[PDB]
Amino acid sequence: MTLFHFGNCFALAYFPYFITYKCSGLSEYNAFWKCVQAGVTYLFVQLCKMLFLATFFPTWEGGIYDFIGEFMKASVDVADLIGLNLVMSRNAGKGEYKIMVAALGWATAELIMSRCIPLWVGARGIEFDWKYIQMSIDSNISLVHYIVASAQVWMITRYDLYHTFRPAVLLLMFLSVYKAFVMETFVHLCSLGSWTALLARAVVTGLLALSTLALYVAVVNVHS
Amino acid sequence: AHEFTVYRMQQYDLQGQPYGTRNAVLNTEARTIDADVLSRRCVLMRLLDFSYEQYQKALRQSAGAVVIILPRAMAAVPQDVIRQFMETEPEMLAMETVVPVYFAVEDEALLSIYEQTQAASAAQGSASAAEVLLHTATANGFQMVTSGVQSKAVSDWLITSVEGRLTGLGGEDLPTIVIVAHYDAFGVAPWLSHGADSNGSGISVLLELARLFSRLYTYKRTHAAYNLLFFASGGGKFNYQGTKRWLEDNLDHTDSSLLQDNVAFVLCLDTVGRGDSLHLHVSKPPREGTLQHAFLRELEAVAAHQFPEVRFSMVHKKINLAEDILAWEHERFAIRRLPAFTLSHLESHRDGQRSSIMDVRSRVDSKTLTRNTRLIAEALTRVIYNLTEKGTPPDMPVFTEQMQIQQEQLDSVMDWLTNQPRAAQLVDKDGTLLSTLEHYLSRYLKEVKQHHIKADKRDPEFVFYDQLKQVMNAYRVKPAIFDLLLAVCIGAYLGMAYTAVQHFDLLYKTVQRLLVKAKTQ
Amino acid sequence: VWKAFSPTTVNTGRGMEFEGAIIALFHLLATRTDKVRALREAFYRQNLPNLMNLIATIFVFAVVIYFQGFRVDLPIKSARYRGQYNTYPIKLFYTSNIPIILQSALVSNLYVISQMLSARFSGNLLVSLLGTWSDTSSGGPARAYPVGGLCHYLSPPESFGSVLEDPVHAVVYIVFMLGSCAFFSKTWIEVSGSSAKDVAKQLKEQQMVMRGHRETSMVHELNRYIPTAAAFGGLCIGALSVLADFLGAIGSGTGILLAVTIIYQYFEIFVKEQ
Numbered sequence: 001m002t003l004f005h006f007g008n009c010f011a012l013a014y015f016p017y018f019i020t021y022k023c024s025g026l027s028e029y030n031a032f033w034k035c036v037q038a039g040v041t042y043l044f045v046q047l048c049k050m051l052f053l054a055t056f057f058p059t060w061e062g063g064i065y066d067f068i069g070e071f072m073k074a075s076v077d078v079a080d081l082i083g084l085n086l087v088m089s090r091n092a093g094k095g096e097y098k099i100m101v102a103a104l105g106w107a108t109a110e111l112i113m114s115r116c117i118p119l120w121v122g123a124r125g126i127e128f129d130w131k132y133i134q135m136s137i138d139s140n141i142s143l144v145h146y147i148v149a150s151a152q153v154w155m156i157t158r159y160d161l162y163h164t165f166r167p168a169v170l171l172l173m174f175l176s177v178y179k180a181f182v183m184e185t186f187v188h189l190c191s192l193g194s195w196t197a198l199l200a201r202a203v204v205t206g207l208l209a210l211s212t213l214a215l216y217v218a219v220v221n222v223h224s
Numbered sequence: 043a044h045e046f047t048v049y050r051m052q053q054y055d056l057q058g059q060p061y062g063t064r065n066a067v068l069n070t071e072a073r074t075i076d077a078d079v080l081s082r083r084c085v086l087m088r089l090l091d092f093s094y095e096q097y098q099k100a101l102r103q104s105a106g107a108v109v110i111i112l113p114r115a116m117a118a119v120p121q122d123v124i125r126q127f128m129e130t131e132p133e134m135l136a137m138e139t140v141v142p143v144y145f146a147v148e149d150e151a152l153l154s155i156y157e158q159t160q161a162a163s164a165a166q167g168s169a170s171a172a173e174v175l176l177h178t179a180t181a182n183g184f185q186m187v188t189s190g191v192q193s194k195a196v197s198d199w200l201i202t203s204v205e206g207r208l209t210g211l212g213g214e215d216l217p218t219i220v221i222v223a224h225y226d227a228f229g230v231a232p233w234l235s236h237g238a239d240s241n242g243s244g245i246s247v248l249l250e251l252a253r254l255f256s257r258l259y260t261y262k263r264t265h266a267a268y269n270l271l272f273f274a275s276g277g278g279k280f281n282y283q284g285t286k287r288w289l290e291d292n293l294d295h296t297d298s299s300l301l302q303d304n305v306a307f308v309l310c311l312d313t314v315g316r317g318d319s320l321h322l323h324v325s326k327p328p329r330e331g332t333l334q335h336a337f338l339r340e341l342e343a344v345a346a347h348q349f350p351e352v353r354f355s356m357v358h359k360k361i362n363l364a365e366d367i368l369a370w371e372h373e374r375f376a377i378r379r380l381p382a383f384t385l386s387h388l389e390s391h392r393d394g395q396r397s398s399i400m401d402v403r404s405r406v407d408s409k410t411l412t413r414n415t416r417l418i419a420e421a422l423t424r425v426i427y428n429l430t431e432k433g434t435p436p437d438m439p440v441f442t443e444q445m446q447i448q449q450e451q452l453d454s455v456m457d458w459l460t461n462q463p464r465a466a467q468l469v470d471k472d473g474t475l476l477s478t479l480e481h482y483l484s485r486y487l488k489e490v491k492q493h494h495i496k497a498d499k500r501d502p503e504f505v506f507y508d509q510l511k512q513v514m515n516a517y518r519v520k521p522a523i524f525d526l527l528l529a530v531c532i533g534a535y536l537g538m539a540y541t542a543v544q545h546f547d548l549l550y551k552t553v554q555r556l557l558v559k560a561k562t563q
Numbered sequence: 192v193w194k195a196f197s198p199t200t201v202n203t204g205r206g207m208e209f210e211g212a213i214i215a216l217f218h219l220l221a222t223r224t225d226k227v228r229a230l231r232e233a234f235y236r237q238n239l240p241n242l243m244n245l246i247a248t249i250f251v252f253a254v255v256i257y258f259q260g261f262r263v264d265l266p267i268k269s270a271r272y273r274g275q276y277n278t279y280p281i282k283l284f285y286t287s288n289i290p291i292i293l294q295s296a297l298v299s300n301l302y303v304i305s306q307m308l309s310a311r312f313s314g315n316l317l318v319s320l321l322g323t324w325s326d327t328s329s330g331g332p333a334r335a336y337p338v339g340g341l342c343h344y345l346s347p348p349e350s351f352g353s354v355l356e357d358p359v360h361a362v363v364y365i366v367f368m369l370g371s372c373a374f375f376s377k378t379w380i381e382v383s384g385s386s387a388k389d390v391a392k393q394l395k396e397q398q399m400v401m402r403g404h405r406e407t408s409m410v411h412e413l414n415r416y417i418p419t420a421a422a423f424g425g426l427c428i429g430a431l432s433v434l435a436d437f438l439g440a441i442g443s444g445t446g447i448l449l450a451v452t453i454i455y456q457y458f459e460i461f462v463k464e465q
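If you read the sequences in order, they're chains H, S and G. Per UniProt numbering: the first sequence = residues 1 to 224. Per UniProt numbering: the second sequence = residues 43 to 563. Per UniProt numbering: the third sequence = residues 192 to 465.
Some clues are possibly wrong.
As the list claims (entries may be wrong) - Once the Cα atoms are required to be at most 25 Å apart in a straight line, the calculated BS3-like pairs of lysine-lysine come out as:
#1 G/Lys-377 - G/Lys-282
#2 H/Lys-131 - G/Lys-268
#3 S/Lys-499 - S/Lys-194
#4 H/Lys-179 - H/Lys-22
#5 G/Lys-282 - G/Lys-395
#6 H/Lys-94 - S/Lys-286
#7 S/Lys-286 - S/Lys-360
#8 G/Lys-377 - G/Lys-268
#9 S/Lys-286 - S/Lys-551
#10 H/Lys-22 - S/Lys-551
#11 G/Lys-194 - H/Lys-49
#12 H/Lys-49 - H/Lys-22
#13 S/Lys-496 - S/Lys-286
#14 G/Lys-463 - G/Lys-282
#15 G/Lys-282 - H/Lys-49
#16 S/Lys-359 - S/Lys-561
#17 S/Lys-359 - S/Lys-326
#18 H/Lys-73 - G/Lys-226
#19 G/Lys-226 - H/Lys-179
#20 G/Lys-194 - G/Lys-395
#21 G/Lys-194 - G/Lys-282
Derived by calculation from the structure, the hints in this document are not laboratory data.
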């Protein structure tokens, strides 16, 4: 049973990334090595982020929920945007290709580092927990979030982006960076159940995706 | 997961005969007795619902394990359920079972698990196959795992007996009366074998007698012309191993002259803490004119005159050498030809109360114990000082005022004995029980000594096993059908995701049209 | 690699700690609520290999490779055949790791002799001058440090703190390492047959001639660079070793230099044969 549950969790986490990779046409462009390079960039950025946090921020000893600490972590999450920009600048191609390569490589690298080991050790345990399935869904939400963030970074980095659109892009980037902190604060404040928290994260990511898509379409059409 | 303590049914070999459970490791799903198939399952039974037939049914079905849930208050449990369990308990111990049997004290989480398992077991019969599949898929299974390793034999367990002596006025040559009580408890679970009545009451009586005689022997005016030996024997429930070794050491060795020729009689105290009936068990009826007969006459006279409520009678059982286990401690002395008898409230040694985990401090009545102690003390004193020949009437109690038995000191001794289990496999040489018993005896008695018996390596009379106490962890689990349904759901989700990505162009065009319309308006 | 990834657990008094810096970092991050504090402890652990030490080793490794790449290209033409242009590279580390190896072997022999003399002949003035050894079990696996004599001056200071406490010792050690490396490099070129004359002979045997220069002229041109390259390279190698030791790089500054240069020379041999 434990192997079957682990296989189901692994399939749910992994297959959406493969489907996105095949359907987006990245396989046609032989982008796999570019995605691997993006993942290496993610590993480098995450190491720099951990080093920055340890060097500059002492751990708060207050028992109460560390609102300052979570806000600081979200502020450090800007490094992920910088890394995504570096990956897109390093990668040549159409804007959609750059966005998809950066998002897919970053999300896959995060999935491998953060969820595979917990899936491997925990999901093979005797005890059944919904948390592994929730984490597998959360990886798909992270993948969508990274796609949105990469699209936003590409739009802001566009030389031709009109000044009217620029504040909207900056606001969307701000919301994307602070989304994790806001969601954790909201879940703590409302004592939300794990399923409700996952649903709320999905809804927020979907709304961000829809707004980013609408802005992207408007920006492309304004130049078409 | 929920972790709770489980007490395993004891494993031991006596005279080469295997007893109890051989397995200590469990890794099976929990089920109730109601389940049709118990094979390779952990069967949960409550003591209130426990029946010997259902336990046999689980063994017949090769249950993976049996866990018996005990109510937290033994006194609270109805006395009929306890009586039935006590009667079944010797048969259960006598029967060797491969299936591990554990005892768990009730906990709210354990009860909730038991109820959930019972509901899951019942639901399977009541519903159509589609409903059963849906209920099974949504149901939570529990997996019971023991943290302990497989049990192993203890090759060098030592049973320790404590002896103390009071010398009479005239020295060692004077006739010696030996008062013996075994301190060890026995029951289905050693950790639950408090043995308050069996034989905590007897130990309490022995200690009170030791105090009273020590006080009498302190003063020359009250100093008797008898030697008194108080012996607290280990392994009484295991064929009186400690008594046998102590007899061998005293009688085989010429230096220990006290027992060879000077033993007036041996009084063994077993289960004297309860009941209004008192039975004197004798291997051979005392001959007229012998000191043992004098003691019997004094005991009957004191019971009839001072304590008419107490029904005293003599029970004669011939010793059967064929039987592996001696019925009474006095039989061991009788084999060595020492005159000995056992005083007990039990009509028969086979009573379940004598060897049950249900023998707890609440069962023992302090008033009954005090009365029996007074009767024994008066009878012994009357024999020792030959009061009846001196013309002292039977109705008059010697033990009044300064020599009155102390019911608070008896209650304290009973509480101390019952605070911890005194099973022979749990009583270590360095244990607090032995050290306290030796110190207490040493206060009132002279020449307190500890005798240690070890089973022979070539032919061990008794073998004990470890893993009597373990932690059992109940893990929540889902059945394989649930995983199959989840896999189907995941496949459908992946198909929907693939179609959504394939049709994303339609969404993109729709958004482009909506944005154009918004610009136009 | 072992210090980086070792799964062995060492029982530090507070707790069982993984020896491997990376494994310890992951275990501490997983098991500790204070992830930032656990990371800081992994970076600045006093008793076990640190992540900072690993980063220092990586930085040294990159720096050493960068210096290794420095070369002076001398244009050589085949005299017999027109148009064949080769460069004869005079590397900055012309004498290779051999000056380090010779210095370390000499120091090692000195330590062995000193420890024997101290063990067998306690209290003799010559023995004390050569070295006095004391076993310092300061909350760590026992290490015998030379507390007096020449061996003390030859020993590397364990930290910047020790350098601050004993500045004279650090200066003497640095001067000794640089001077010995330069001296060994110069002597090695003469002993090795790698002098400008010998290289010119090898080029003549290979029928390679510098453009516009006779074979005799080649010796003079090579003799301008090779002695300077040898001595400066030995000094640079000593300075890099001292810097890596002060930075606390895992595997030692000497070890890292030796590994990098040996790997580079093996790679060059592999490419040449291939």
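Hint check:
Between G/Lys-377 and G/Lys-282 the CA atoms are separated by roughly 15 Å; this keeps the pair inside 25 Å, and the hint holds. A threshold of 25 Å between alpha carbons decides the hint, and for H/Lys-131 with G/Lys-268 the separation of about 72 Å lies outside it, so the pair is violated. For the hint pairing S/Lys-499 with S/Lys-194, the CA-to-CA distance comes to about 15 Å; that is within 25 Å, so the pair holds. With a C-alpha separation of about 28 Å, the suggested pair H/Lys-179 and H/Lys-22 falls outside the 25 Å cut-off, and the hint is violated.
Distance hint between G/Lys-282 and G/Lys-395 is fulfilled; the C-alpha atoms sit about 20 Å from each other, no more than 25 Å. The suggested pairing of H/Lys-94 with S/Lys-286 is violated, with an alpha-carbon distance near 97 Å, which exceeds 25 Å. Taking the CA atoms of S/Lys-286 and S/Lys-360, the gap is about 19 Å. The hint holds against a cut of 25 Å. The hinted pair formed by G/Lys-377 and G/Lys-268 fails the criterion: a straight-line CA distance of about 28 Å is larger than 25 Å.
A C-alpha spacing of about 99 Å is found between S/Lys-286 and S/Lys-551, which places the hinted pair above 25 Å, so the restraint is violated. For the proposed pair H/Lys-22 and S/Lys-551, the alpha carbon gap of about 21 Å is at most 25 Å, so the pair holds. At most 25 Å may separate the alpha-carbon atoms for a hinted pair to count; G/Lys-194 and H/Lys-49 meet this at roughly 24 Å. The straight-line distance between the Cα atoms of H/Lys-49 and H/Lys-22 is roughly 31 Å, outside the 25 Å bound, and the hint therefore fails.
With a CA separation close to 12 Å, the supplied pair S/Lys-496 and S/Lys-286 stays within the 25 Å bound. A distance of roughly 17 Å separates the Cα atoms of G/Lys-463 and G/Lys-282; the hinted pair therefore holds under the 25 Å criterion. Between G/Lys-282 and H/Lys-49, the direct Cα distance comes to roughly 39 Å. Violation of the 25 Å bound is thereby established for this hinted pair. A threshold of 25 Å between alpha carbons decides the hint, and for S/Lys-359 with S/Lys-561 the separation of about 112 Å lies outside it, so the pair is violated.
Of the pairs offered as hints, the one joining S/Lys-359 and S/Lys-326 holds, with about 8 Å between alpha carbons and a cut-off of 25 Å not exceeded. A threshold of 25 Å between alpha carbons decides the hint, and for H/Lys-73 with G/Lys-226 the separation of about 12 Å falls inside it, so the pair holds. Among the hinted pairs, G/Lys-226 with H/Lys-179 is consistent with the structure: their alpha-carbon atoms are about 21 Å apart, no more than 25 Å. Taking the CA atoms of G/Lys-194 and G/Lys-395, the gap is near 49 Å; set against the 25 Å cutoff, the hint is violated.
For the hint linking G/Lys-194 to G/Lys-282, the alpha-carbon distance of about 32 Å lies beyond 25 Å, and the restraint is violated.
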